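Sending over a structure as structure tokens; questions will come in a sec.
Up next is chain A:
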Amino acid sequence: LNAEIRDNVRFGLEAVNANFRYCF
Partner candidate 1 sequence: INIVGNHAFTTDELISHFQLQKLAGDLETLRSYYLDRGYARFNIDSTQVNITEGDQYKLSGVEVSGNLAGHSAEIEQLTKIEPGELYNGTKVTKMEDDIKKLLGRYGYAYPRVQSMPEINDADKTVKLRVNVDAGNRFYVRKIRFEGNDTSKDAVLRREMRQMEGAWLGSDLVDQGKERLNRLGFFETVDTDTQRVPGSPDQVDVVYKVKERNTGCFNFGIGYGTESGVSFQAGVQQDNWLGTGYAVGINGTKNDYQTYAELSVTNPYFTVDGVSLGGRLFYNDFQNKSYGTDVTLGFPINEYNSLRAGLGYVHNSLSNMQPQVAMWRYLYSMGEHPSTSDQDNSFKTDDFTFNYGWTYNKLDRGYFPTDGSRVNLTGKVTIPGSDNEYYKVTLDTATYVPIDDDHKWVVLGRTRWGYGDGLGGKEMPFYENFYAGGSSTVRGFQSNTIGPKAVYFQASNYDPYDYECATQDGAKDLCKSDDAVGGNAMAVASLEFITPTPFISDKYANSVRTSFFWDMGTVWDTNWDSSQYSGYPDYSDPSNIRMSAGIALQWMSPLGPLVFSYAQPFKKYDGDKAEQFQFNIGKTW
Partner candidate 2 sequence: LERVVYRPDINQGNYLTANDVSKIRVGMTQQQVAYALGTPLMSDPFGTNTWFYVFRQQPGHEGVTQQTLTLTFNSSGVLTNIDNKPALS
Partner candidate 3 sequence: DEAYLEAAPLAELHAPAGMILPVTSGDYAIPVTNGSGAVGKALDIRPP
């Protein structure tokens, strides 16, 4: 339902509430 690819690269979905964050 949720996973991260790298530090400070986060995506979630979980009806649903899609959200994404990415740091520079």
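The candidates came about this way: all candidates are chains of the complex that A comes from, given by their letters.
Going forward, a contact is a pair of C-beta atoms (placed from the backbone, for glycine too) under 8 Å apart; a residue touches a chain by one contact, two chains touch by 3 or more; residues count from 1.
Student: Judged by that same contact rule, which candidate in 1, 2 or 3 sits against chain A in the complex?
Tutor: Touching partner of chain A: 1.
Student: Under the touch definition given earlier, write down the residues of chain A that touch candidate 1 in their complex.
Tutor: Those residues of chain A that touch candidate 1 are 7-8, 10, 15-24.
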